[PDB]
Amino acid sequence: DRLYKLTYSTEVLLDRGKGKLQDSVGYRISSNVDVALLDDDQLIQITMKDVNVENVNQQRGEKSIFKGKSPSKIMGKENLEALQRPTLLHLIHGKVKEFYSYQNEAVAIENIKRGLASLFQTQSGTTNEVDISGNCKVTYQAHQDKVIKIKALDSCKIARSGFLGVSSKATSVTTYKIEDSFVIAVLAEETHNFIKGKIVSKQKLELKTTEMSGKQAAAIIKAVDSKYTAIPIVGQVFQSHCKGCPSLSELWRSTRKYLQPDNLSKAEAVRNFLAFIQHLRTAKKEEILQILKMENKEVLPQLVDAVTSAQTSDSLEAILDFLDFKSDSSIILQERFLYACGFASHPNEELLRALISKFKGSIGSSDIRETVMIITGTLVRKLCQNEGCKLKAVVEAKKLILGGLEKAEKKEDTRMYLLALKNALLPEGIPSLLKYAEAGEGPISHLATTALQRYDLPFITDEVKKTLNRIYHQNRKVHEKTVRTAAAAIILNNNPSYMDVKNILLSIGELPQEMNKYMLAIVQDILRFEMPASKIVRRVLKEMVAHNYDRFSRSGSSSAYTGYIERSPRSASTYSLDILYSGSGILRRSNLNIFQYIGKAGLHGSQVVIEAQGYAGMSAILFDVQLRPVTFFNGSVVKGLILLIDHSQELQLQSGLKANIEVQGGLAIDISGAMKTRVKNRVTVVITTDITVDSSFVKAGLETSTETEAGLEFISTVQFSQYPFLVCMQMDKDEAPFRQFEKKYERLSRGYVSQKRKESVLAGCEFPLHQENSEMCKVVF
Amino acid sequence: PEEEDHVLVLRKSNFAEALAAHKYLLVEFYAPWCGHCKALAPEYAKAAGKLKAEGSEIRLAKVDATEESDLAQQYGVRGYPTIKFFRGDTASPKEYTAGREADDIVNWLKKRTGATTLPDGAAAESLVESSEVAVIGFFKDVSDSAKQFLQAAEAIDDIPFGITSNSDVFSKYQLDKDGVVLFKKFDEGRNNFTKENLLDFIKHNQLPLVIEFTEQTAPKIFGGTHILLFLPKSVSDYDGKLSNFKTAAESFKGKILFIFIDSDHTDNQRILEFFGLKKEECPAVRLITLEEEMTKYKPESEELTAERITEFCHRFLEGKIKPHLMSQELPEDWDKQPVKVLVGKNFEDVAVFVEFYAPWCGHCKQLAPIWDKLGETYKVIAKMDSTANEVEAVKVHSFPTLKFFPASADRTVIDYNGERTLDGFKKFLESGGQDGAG
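Those sequence lines, one after another, are chains B and A.
For the first sequence, the positions run 31 to 68, 75 to 159, 162 to 201, 208 to 238, 246 to 262, 268 to 670, 689 to 709, 726 to 765, 775 to 848, 851 to 882 when PDB author numbering is used.
For the second sequence, the positions run 20 to 106, 108 to 134, 137 to 164, 166 to 216, 221 to 251, 255 to 381, 388 to 415, 421 to 479 when PDB author numbering is used.
Worth flagging that the hints you see were computed from the coordinates, not collected in a lab.
Errors might be hidden in some of the hints.
For each label pair, taking beta carbons as the anchor points, the in silico distance ranges come out as [to be verified]: (1) B:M587 <-> A:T277: 28 to 36 Å; (2) A:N33 <-> B:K463: 32 to 40 Å; (3) B:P823 <-> A:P353: 26 to 34 Å; (4) B:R626 <-> A:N33: 50 to 58 Å; (5) B:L513 <-> A:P353: 31 to 39 Å; (6) B:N531 <-> A:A111: 29 to 37 Å; (7) A:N33 <-> B:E519: 51 to 59 Å; (8) A:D109 <-> B:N531: 30 to 38 Å.
Simulated crosslink set (DSSO-like; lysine-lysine; CA at most 27 Å straight-line) [unchecked claim]: (9) A:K350 <-> A:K401; (10) A:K57 <-> B:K832; (11) B:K533 <-> A:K230; (12) A:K31 <-> B:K491; (13) A:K309 <-> B:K879; (14) B:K109 <-> B:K184; (15) B:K85 <-> B:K283; (16) A:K276 <-> B:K598; (17) A:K208 <-> A:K309; (18) B:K879 <-> A:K31; (19) B:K598 <-> A:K409; (20) B:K779 <-> A:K401; (21) B:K879 <-> A:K370; (22) A:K401 <-> B:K775; (23) B:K598 <-> A:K65; (24) A:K230 <-> A:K283; (25) B:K832 <-> A:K283; (26) A:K409 <-> B:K832; (27) B:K522 <-> A:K326; (28) B:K598 <-> A:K208; (29) B:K879 <-> A:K401; (30) A:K352 <-> A:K409; (31) A:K309 <-> A:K370; (32) A:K31 <-> B:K522; (33) A:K328 <-> B:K533; (34) B:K322 <-> B:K195; (35) A:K103 <-> B:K598; (36) B:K213 <-> B:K255; (37) B:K521 <-> A:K326; (38) A:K276 <-> A:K247.
Cβ atoms here follow ideal geometry from the backbone N, Cα and C, with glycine treated the same way.
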């Protein structure tokens, strides 16, 4: 009814999640807000007076750039008065009817006023209200005097792109401290609790004191000013400054020599890898496409991985137009494209429709064509686990794999679709797999059995275990020993029965001693790890016919050990190395398994399976993605710079601020095998957590480049001069540096800049495997 | 039902049909991998052909117990060469434990249908040594107690009971009144004797004192605390050591089973290495219990003689006999070095702060000067070689998982996670374990 004179502040915080530490902060935008009131429809005028930006961390004092710069200089000539230019809002029953302003101004300055007027649009209830953020499930929690507004930011419908994972919380408890009629204070907590960061927005609007006729309000907006045109209450995307300047001759040239192939092991090189991806996400189609027009091919796969790791509409079109799938000269670039699409945390259907069209196209390389279908099942597996199995592309891809496997005319297509169905995890492929498991061909059934090993306990029934029983027990025909042991591994792991454990232990001793040592060690590894299946084994071993030392004493070379690299009551990481040798001691199927678990859930981090016969081949798994298995021979092995996680939820804060929560995790791998044989697992985890708050006239940032190196090299120290096989297994970890970083920014388009550095060296120890292997290895020691 | 070489094949669809149709059917719960079933199958086919070519209703049939495990689970079949027979109304099948050949089956089924008779002019050989353990029943009237003896004879099918009515046989076997004598060929050869004491007597006297460890004897060993003896067959005074073992076995016959095993054969080296003894002591005596937990016991007196081995089973029955572990004891010069070794033997009496190192890790090799300097400065800190010894309280997947030992024996586990430096451990010990632990 009258003019209300209020004071306003915009508290922006960028915490590292320690709990109480002023290491990094953001700007506070302050003004004295005059609010005047110009059915339940109403129009008000909101004016920003005494608008100035102050720091909340005044402990440093005059170290920032707020000294020597006027409030006119900080925000510019036009934007200082644009905030001081009054804005309008139509409100009906406490909700935004329509937002009116001059609109001939910058986007970000309008965002602050949009966040400023939202405090008067509030209501005990739940709805999808109209506010600065968009349309979200907003929980109204009314107290006896005040009201608590909780906003489910997961339920927010906004145009911002928001998508081995990253957990996050978006608690937006907003308190409208209201005494008599309107806001007397606002306690708007905007915590985005997601290596972690607590980016906090807050606004304090406090009322201090207070001092056009018409039946229709439609023409009153024009009557005050003709320029008061229609604009949304939701903020818009802006880029007044450089932002993601493409600068192909400038910005890419800076990271061109920081991603060279000769220093891929260094974590300093990988730090520039994640930076260039962030530029390309806010980049147009022609900008990204121009970079690859004349780039060097030697540094190109890093750029190809960087473009593919963006996963936007324009970049996907840019890489697809750049990469000619008919062209057979660029084998690696499509292969790096396929892997990064397979390693994309957010694959898209248009990519899947492209990859379906790639398979429908004329791909020159069959291995890439196999790799497309392997990735195609990986995309389907991600989509069907994301409630997208009913999609038009997915059913097209499923009928390619299922129908191609059911109706197969070529031997390579069956091996292609077996690898594809292994990634697909389709429950309807089980009758096909059990058919192929009993098909009688060695590599086909073993790949199908390991594909069946990928299936879980609800996907394996009594009939499936009975189907694999005839393979293992050999009731009807003879099978190779690797298939039977894998079938025995499935039965013991996936809820065995009392008689199933009973018959397996009785088979020990009657089998050849090469299989007997491994099969004993599998049950021995079952008992050591206190598995839930071991309780049934304990009931079988309770009788004297199974606990006898005649079966438990076996002279062999195989082993099966499982242990914890790290373990906590909340989560744990496990590893295992169950190597099965031949009768003469030659390695046959060595399963180097790397696993990670988080609470009840768990992710198969890696698996390198080295297989030999007499062929020589390896199977690579990286983070629930079965890669294309590599055969060394028959009749720089693994090398790639790739991303792991990507959480890039571009928040729109309740105060009208642009928050870009970008968390990226990448690594560079170099796995090469040389035969005395060694296998290296070089892991360089580089996590660059960024939370930048920008409003085009004040900038604040926080970067946490926590980079860690690692390495797990196994040495097969085998002495074969004597008739017994002196086989020593040893997984040696080398020393790797551990570093942390923290950067702080407070700019207004030097600044409040600081860097914190820590460094540690992690001591590496050889994995002892089991004590039986330790006796042969102590000859070396 | 499928018939192959006059053997019915049962796959859960005809087993009930065969047993309800053929009243007198021999059952076999065989396996595809077992060598016992592999040798039994031609004998099973031969016995089926012998019964089928003769005019008798009895036949033979085999069941793959691996693929038909429900029949084994319901009945309680625990062996693959197991042979059974179901007649009328539900009853336990006759436990076939005799020779698995064809004519042996032909002779064995006559006992189960409802003793053996031979002419008395067998030169006093056939009746007594028809088999390994043959019992001859002597009674002038073959009544009040004679029918009870006949019922006891028909109670056990696997024992070939004898029928005697000739007057010269009673005097030649030197019996004033009627009695039951068990005959054998290994231990004594003659053992002269409620309705169960006779069966207990026959089962006790039939049991051999000492068993050579072989494949054939092995299922009967666990079928019925096997005190072993890794005695080489070519050892010095093998006969004397075996006689001492036999005299030890005479003290404890049924409760503790005595088995002598040749350590010379390489096929027994797995049994040698299961107990941990790499032929360290040739007359070594170890007792193993296999009742749900393999606990290999350790004799109190390593100075072992006939009397010591004899009363070692009594010592085990007392319960004071401790298990055997491959944990070395306190070293000779532990007092000279400021840091001492508290081994698994001394992990309770003497184990203050404990640590579980390993000579395996090269990082421990690098930390050995650091752990030397920590002890030299703090001149109780205990390092434990858990590769050789054993940790009873907890397990160490990552071996330098430090457990800070408390005062006054209120044991707690708190994991030190320092930087593996010569100053971090000194800083940890400067607080007395209050800081840096856990």
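Need the status of pair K328 (chain A), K533 (chain B): alpha-carbon distance at most 27 Å? 47 Å, violated
If I claimed the Cβ atoms of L513 (chain B) and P353 (chain A) lie 31 to 39 Å apart, would that claim hold in this structure? 37 Å Cβ-Cβ, so the 31 to 39 Å window holds.
Assess, step by step, whether the Cα of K85 (chain B) is no farther than 27 Å from the Cα of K283 (chain B), and give holds or violated. 21 Å, holds
Per the hint of 26 to 34 Å, is the separation of the Cβ atoms of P823 (chain B) and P353 (chain A) within bounds? Given about 30 Å between the Cβ atoms, the range holds.
Pairwise hint evaluation, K832 (chain B) against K57 (chain A), where the allowed Cα distance is 27 Å at most: 50 Å, violated
Please work out if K213 (chain B) and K255 (chain B) have their alpha carbons no farther apart than 27 Å. 23 Å, holds
Are the Cα atoms of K322 (chain B) and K195 (chain B) separated by 27 Å or less? 41 Å, violated
Has the given pair, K598 (chain B) with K208 (chain A), been kept, meaning a C-alpha gap of at most 27 Å? 35 Å, violated
Quickly compare the C-alpha distance for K109 (chain B) and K184 (chain B) to 27 Å and report which way the hint goes. 39 Å, violated
Verify the CB-CB distance for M587 (chain B) and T277 (chain A) against the hinted window 28 to 36 Å. This hint is violated: roughly 47 Å between Cβ atoms.
Agreement of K598 (chain B) and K409 (chain A) with the hint, judged by alpha carbon distance not exceeding 27 Å: 50 Å, violated
For the pair we were handed, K832 (chain B) and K283 (chain A), check the Cα-Cα distance against 27 Å. 56 Å, violated
Hint compliance for this structure: hints 1, 7, 9, 10, 11, 14, 16, 17, 18, 19, 23, 25, 27, 28, 30, 31, 33, 34, 37 are not met, and every other hint is.
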